[PDB]
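Enquirer: One-letter residues, chain by chain:
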Amino acid sequence: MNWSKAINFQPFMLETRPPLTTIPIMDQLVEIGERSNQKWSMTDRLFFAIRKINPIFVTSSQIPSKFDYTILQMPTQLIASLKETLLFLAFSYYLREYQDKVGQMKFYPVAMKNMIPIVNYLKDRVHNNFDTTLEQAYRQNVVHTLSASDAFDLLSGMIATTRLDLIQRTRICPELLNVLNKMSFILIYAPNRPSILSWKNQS
Amino acid sequence: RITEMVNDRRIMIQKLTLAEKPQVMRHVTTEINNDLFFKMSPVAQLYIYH
Amino acid sequence: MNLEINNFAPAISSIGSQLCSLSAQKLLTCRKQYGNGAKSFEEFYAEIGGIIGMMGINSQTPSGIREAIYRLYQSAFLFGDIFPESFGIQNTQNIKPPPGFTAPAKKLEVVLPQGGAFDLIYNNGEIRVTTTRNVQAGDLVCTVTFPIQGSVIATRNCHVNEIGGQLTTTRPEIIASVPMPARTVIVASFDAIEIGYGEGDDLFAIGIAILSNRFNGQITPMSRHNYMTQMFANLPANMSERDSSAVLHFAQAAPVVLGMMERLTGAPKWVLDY
Amino acid sequence: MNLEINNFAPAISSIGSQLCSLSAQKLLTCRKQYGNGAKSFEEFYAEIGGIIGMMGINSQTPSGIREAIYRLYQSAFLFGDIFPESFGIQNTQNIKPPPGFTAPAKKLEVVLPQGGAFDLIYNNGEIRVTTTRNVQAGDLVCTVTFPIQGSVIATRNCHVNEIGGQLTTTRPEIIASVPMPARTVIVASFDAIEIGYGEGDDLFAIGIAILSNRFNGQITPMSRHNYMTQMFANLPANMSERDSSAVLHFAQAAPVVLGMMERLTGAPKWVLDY
Amino acid sequence: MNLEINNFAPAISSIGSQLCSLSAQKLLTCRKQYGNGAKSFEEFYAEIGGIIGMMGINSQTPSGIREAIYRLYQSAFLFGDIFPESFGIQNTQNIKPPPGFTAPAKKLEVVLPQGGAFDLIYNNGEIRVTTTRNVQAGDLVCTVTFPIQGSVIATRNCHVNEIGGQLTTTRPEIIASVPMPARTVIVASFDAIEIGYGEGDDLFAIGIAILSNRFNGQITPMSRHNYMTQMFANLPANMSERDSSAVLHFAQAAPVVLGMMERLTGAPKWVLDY
Amino acid sequence: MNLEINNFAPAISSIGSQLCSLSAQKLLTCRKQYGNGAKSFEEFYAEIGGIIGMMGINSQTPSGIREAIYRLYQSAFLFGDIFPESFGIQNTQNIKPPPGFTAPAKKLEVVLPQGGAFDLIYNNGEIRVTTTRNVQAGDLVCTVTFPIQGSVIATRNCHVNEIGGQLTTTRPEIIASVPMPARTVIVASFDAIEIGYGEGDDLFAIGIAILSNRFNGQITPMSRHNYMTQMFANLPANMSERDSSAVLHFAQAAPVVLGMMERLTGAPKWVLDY
Amino acid sequence: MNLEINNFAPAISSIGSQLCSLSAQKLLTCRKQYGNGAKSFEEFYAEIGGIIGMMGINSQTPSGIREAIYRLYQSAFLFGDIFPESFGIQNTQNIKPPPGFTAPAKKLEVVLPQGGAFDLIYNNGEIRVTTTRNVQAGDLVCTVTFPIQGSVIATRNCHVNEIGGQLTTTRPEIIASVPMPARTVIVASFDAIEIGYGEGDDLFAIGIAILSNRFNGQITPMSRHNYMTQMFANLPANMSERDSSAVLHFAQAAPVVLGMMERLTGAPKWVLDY
Amino acid sequence: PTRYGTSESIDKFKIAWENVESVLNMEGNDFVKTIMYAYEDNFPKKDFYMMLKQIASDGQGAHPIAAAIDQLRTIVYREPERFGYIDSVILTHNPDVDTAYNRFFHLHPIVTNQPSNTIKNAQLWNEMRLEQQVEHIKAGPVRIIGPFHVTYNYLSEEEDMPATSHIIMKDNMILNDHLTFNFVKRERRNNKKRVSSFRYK
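Residue numbers (our numbering), protein chains in the order written: chain A, 1 to 203; chain B, 1001 to 1050; chain C, 2001 to 2274; chain D, 3001 to 3274; chain E, 4001 to 4274; chain F, 5001 to 5274; chain G, 6001 to 6274; chain H, 7001 to 7201.
These are calculated hints, taken from the structure and not from any lab test.
Backbone N, C-alpha and C define an ideal beta-carbon position, used for all residues, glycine too.
Treat the hints with care, as some may be off.
[What the hints assert, rightly or not] Here are the simulated distance ranges between beta carbons:
#1 D/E3199 <-> H/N7126: 55 to 63 Å
#2 G/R6171 <-> F/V5178: 44 to 52 Å
#3 G/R6171 <-> H/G7084: 55 to 63 Å
#4 F/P5104 <-> C/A2205: 36 to 44 Å
Construct the complete structure from the given sequences, taking the supplied hints into account.
Expert: What follows is the structure, given as structure tokens:
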């Protein structure tokens, strides 16, 4: 019976909130970070954007967090790859339009694999070009070198839920369907068949 | 400051536009003790009567 | 006293010190215009002595500024890790230097070598050790762990690095100068200043209990010297000497302001003139 | 019979049961208005047997209801990948309780202990065991695996946990009460109800063959008792007992309605009164 | 289970049964109209359902019908003699006949004659006694104290009064047909209907507890068979067979309706069709 | 009894306690103005008693409040990691302190040292142990694992840390004060209060069964003392005493309010005056 | 005491309790606004403490409430089974539930088996018996005649039915569990609640004298516990727990209110919140 | 008897006396009214009121309408739409139709979404600004609790649907105070056809 048509309350997203007495203080620090440029996007220059992607291992949900800068990981020993990291970054960027600004609690997807080595590797060897973006890197690396099914399997393995679980949860909340459409995914449903996956370009 | 006072009334103020938040204004509040008028005086009966 | 200090401590401490200074100024101003009357001074302060406004805090009661102090103290000295480190390093907003330390160094903290050749007894601003065996001249006998700055006086059978009577290094090391037999004595007196502020120690004693009653598992009543030594030893390894000064100023100013709100006496200069 | 129940089985069952109830109510209305005319009853029902206002049934003929039932059953009990897309399985937050079970427990399933000290034979409503070796009083001799509930008719040389003639737990355990050597016999009878629904046994017999012809690799014809035993054994352990009732209700309603649509007789109360 | 039934019980029972049937009909009508969604079925029943147009009961809440049943049951079977008009119940000779009994006879009750000539054991629908001594044909062995009606099957070594397979009397007595030596056994089986109703045993189990938590000094939880036997053994001697059925129908319907109001499943036919 | 307290328990418990308090206030307000008339008290209550203005309730009947209590309890204490998305838990910025505990400490919980030197028994308000071998004065013989606070009366052959008759620490340890031979007896009585609430125990008894019928696999009926001890033992160590009280208040108030909704008697002060 | 309780005691009690609660609420209402002037509180209460709108009461002074209480008590509990037509009784079935009992069970009432086998001595909350002769395990030792509900603590050398430390039945029986020779002693302590309301014991003592000075032939001054034991012993057998609760509530409230109208202190919660 | 009896302040006597002096001013009560007003000094209004109160308490029966209203108010609770009022309304951007009523209506305003962030009364929503209003809608369905005065229109499939201005977006999303709803009935004439939600949306 555990299921909800709300994107923020899906099994793969974690709710976080500072201690209930330190909430006013953490608001001032978020404004301090807004004064500096402390926000990563998929449209700004990758040279600038990769300087502000610092995933942190989570041990408790009582942690301060900012909507446009925080990405979370759980303590593990597995190592992610470039494609998994790009898929997770795109997922977390397109999943933040539905973030709840009015409330004191924030929801964030967790990364099953360690992305720190890949982020450091990428940061060591990126030049200051005027046109390269994170979305461009995603399109060149994931869309043009993988099938939709393989990329969906990678994304499912990068969050706790299995492939069948994503396909099932996509039918209940339309927000997840929109999020996956933004990542250039297409789902086709036919009777008596399992779902097939395709990129938006080839459909 | 206005929305945080606690009294018998619920004060509601529409949220300020992001641009109109720095706008400056003057609000003078007096800082003086009023407890020195309420002493015992040889003309207190006059105060009561009037 | 167990506690962890994050890397956002200077930013929290600047706001805390500004709040403490504003409250002290408010108290002094309300104190100089108190006319003796039916209303007591405690009632007089509660009515128009807690109403202080600035960025963030918006309370008009002494309980409000007390809770603001509680929030800042918990966020700075007891909360585990506020944010990823790079978020703090890239802060551009700047802070104001705190006043210089004025606490006299009486019980200076030193550690003996692993050998156990010497025995350490303390006095007022003076460390004297005796030799259980014979030891060669020119080796370390004592080193100072608590930072100290000032002049050096009355050194016997030992040598310290000083020019013109003033110490050169913040952590002086005492070395033997002449060969000596067993059961001798070497002394080293100091006219110096340690970390902390000497004034307002009465308020600290009653404010540390107030903020220990709330954080009972983390903070316990103790002396000012021990409190400051533990706070300095619990600072993060990578921090500039400018930020640690602000952190320590707030760490000592919170208890004195808490105790000053209780006993309605004057505030020390290092809190008032921030 | 191999079958894989998914995690959304209660939601599929809540739609299947409603569809079956609506189909049964349409047949009774058709029976009352037949009029004994030139068209046969089978021809009359084919033209007017379609449910109205039901989403996900594309055709207006009983063929559409048959296809919907096939799809729902296949999704619920056979393959976890398929999930029907035209029915309102989105607003399935809460489910309606199904009618209570009414199947008499004639052949009740028990499992002997590993000792091999007893001999199991069956009767109409009672079980009895003969003792191969001398058995000490106060030990388990039998325990049921198919839940039952109801009174106890006659227990000799054995004791069960009952008060006022009513069984306490749904899995009673038979424990010897008196020392009993030399190949004795102990008998226990029950007036109880097993999981299932008694009426519609013929309709189940016709419908199970229809349901098994399509799924020849997963479902084979068998009695209702074996069907229920296997279906209950294949349920997940960590499931609320209210959802299990819905799943087990649909698992029988589907074959019964499939057999009802071929032999145009009445419908059981437990199907129509859902 | 001690209780004193008044002679005005049929008048109270004719109202109680009508209230129960109306509640069951309302439950069915509002149960067929439920769409799965945010509200659970309990909230839906408590809000839109439970509205019956019945005189003398001015409550449209489930709790109101619940305590109407409580009051009617307490008046009819526990207080003692009491006039129906006292509680606003009009007492009228003209009433409706209740539905016929449908309870299957499994543990039929018999009483051995004095002298210890025989020993009795029970089976699913049969009684078997063994002769401890020699007995000549033409004497009683057993007699049913609980009225029974139905056909007789498999009568061995004994004779009963029957024509065409149907028992002539409601209380048959078994008489040995041929003398038997050497501790043989005589068996009498029946296909008969006892006093009570068969459908709805699950609801009775919780309804009896519901009304035993209130009248704990009068009623205790037990099986339906024991409850029916105790109720029947306490009826007044001078009353017709028409009033006895009316009393017993309410006596059994009150627990099952109280249980049905808890678990919002269906209702038995003998409750709805009154 | 297994359960995992989630890390946002105080926020859930604040909403739950406010809901329970509002229900109690509505019950007493309706109870004061019930003028004896045509309708009984329960129809009167079940019609206006559920109209409470609060986020998360999707009904105006007591069934809605019951289901809200079920959801909040499941989210806060049970293994289910379901976050109630329709209440105001996400927008909570501050909590209100709960009323102080008033449960008498009659069966105080103590854990003996591993030596086996002593045997422990219980009395109305004290414990006593008998030495098995010679024990020298100055070592532990007992210590309390369950938090307690209050005064000490009638201590013999043992010393407890206290000033003026008032216990110093919340978990006092009992140590011998006189060297004693084996078989000597020592006692310690306490006039103290344990964690919990003493009033509304019948309501707790009739509500624990109500909430155990639903969560059968996680919660079993028991006494209030055992329930509170298990809840306290399952609390995480990283919890302030102000949050733990807020969790425990709701943990005990949920069964009390659930049983209150059944028997429409009064409510305890610690529930209504939240 | 000698006293006869008629079958309509609940109807009288439901009016007496309402009158007592009204008088207590009026007392607190007048106590809140006492001017504290030259007039004493007794004159203030005598001037404005009356009820003006209740049918049955013929004066607007407190004496009217006193006289009504006298009439109701005499009608409900004394020899004269007089039905008071002056107060308006419309339904003898409708009875608002009274608050649950709060009286701690210190002196529990138990009776010996009549074999002259055990010695009985009492304590604060426990009974303990010594075996005069040899006793085998599994036989009755004691049984309680005053119903009791609560928990069980410190059960040694005996057995009681319990689930999770909570008593199962309201009249527990103590049976030995081990063969115990040579004049051993067994104990049984209960942390339970007897019948009645512990609060307001001072007012009961002064009110029982007030109502015994009038009904001196039937009522004598005594303690609350003995009064309630005899009152419960005089209850009719044909009485449910819902009605006996109201009877006992009025039986205790009448002396408490009579003594409260003399000593104008506060009123207990169980009287105010009826 | 529960409140405002002997302890009531003299300021409350104006309200209580108004009904009595209104009753005394009707036809057929002029003798008692004249005697009462002529000798107010000797027999004041308060003692007269207390005497009448004692007279009424001693078994004087109330007018039957009291019980009639008490019995009718229960009927009012159980069937709201018979008296033209609805307990609450749900404002949402993605509605989910209740399938059970599809059997009877071609299209209906009945949904089954689980609300989030209930709002006490319509006025609070109306006084809000648009930016905060759209944030509420995005997070999910929003519920307005206060009672409303609704009317239902039951229409045939052929008839065109009268327009209802539920929300007027003139400067802020303000709810109307009437909230007329439209049902279109399913008949045996048009039961097998499927009607688009075109005109409705």
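Enquirer: Does the structure break any of the earlier hints, and which numbers would those be?
Expert: Structure breaks no hint.
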